[PDB]
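One protein chain omitted, others in place.
Should a chain be cited, it is by its letter among A and B, assigned in written order, with residues numbered from 1 in that chain.
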Amino acid sequence: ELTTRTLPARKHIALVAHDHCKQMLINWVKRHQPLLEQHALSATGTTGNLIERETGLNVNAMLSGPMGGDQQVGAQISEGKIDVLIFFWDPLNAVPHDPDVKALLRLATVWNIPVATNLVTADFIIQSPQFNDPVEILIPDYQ
Amino acid sequence: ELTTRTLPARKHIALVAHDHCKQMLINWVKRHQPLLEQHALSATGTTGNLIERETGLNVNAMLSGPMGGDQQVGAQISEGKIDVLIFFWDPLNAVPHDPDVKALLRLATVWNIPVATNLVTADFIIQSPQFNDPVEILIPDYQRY
Partner (left out) sequence: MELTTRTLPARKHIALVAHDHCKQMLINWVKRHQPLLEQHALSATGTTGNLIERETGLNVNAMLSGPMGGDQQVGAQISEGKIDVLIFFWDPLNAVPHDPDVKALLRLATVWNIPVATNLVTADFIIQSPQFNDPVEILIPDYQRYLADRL
């Protein structure tokens, strides 16, 4: 049983990267600075401060993955508060919070928000002529 | 890299049960009603409405586990807003949100709050004379790095 929810024109974007993937995330943000500047940005750990020092964008801070930030992101997705997830997780290194990694991606699938796990997916999303449009999405009907 | 934090005398307790374990959790609540009435209670899914109908205890409702309730609980644990976790998960059925289940237990371990994963451990915790007093707990010093 489905219902609908409205993703707004101006979006709340979560930016999450594993250690060997933080330089890949910062290069992506740099290439799309004017596209990100009017949306709201959040990031786990110190990635936000790295983005801030290199580009000037404001990024709200959350806990690092190992300390709980992935669950912070996931809780907000399910409350309808985060609209997009860019999650450059590391497929070539084992992390102790892998349960948190898979739980967060599970919820981004359940709640049907645009979610990219690599560069080319993130390009298709952020460069799309619809990224700045409101979006009506099908979601589970919790009641 | 450890520091300290104080759990208040009035604890914010999270009550979480999988489907076939719901009955055991409500029996535990009914056995310990006079103790639990002095604490703040939250529960995932409909479990809060079950408790309130059978005891009159006040229970703040959160999303069910499959829809993200375990991660709401984990987020508050890491923020220092939940002080105790009673998690009656089911060891004899497989659930689709198993990563969420293990992720909540990992964080409760990281942030070193009292946590019960079965009936006898829950009785030991809530029956402790220390349970309704302030409790100093060791925690990771995140404000370091």
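Keep in mind that, in the parts below, a residue touches a chain if its C-beta (ideal position, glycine included) is under 8 Å from a C-beta of that chain, and two chains touch if they have at least 3 such contacts.
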If I consider the whole complex, including the chain that's not displayed, which of A:38, A:58 or A:128 touches that chain?
A:128
Which listed residue, A:13, A:29 or A:115, touches the chain dropped from view?
A:115
Return the single residue from A:12, A:97 or A:106 that touches the missing chain.
A:106
Contact set of subunit A toward the excluded chain (per top definition)
7, 20, 89, 91-92, 102, 105-110, 112-121, 124-125, 127-131, 135, 137-138, 140
In terms of residues, what is the contact footprint of the unshown chain on subunit B?
66, 94-98
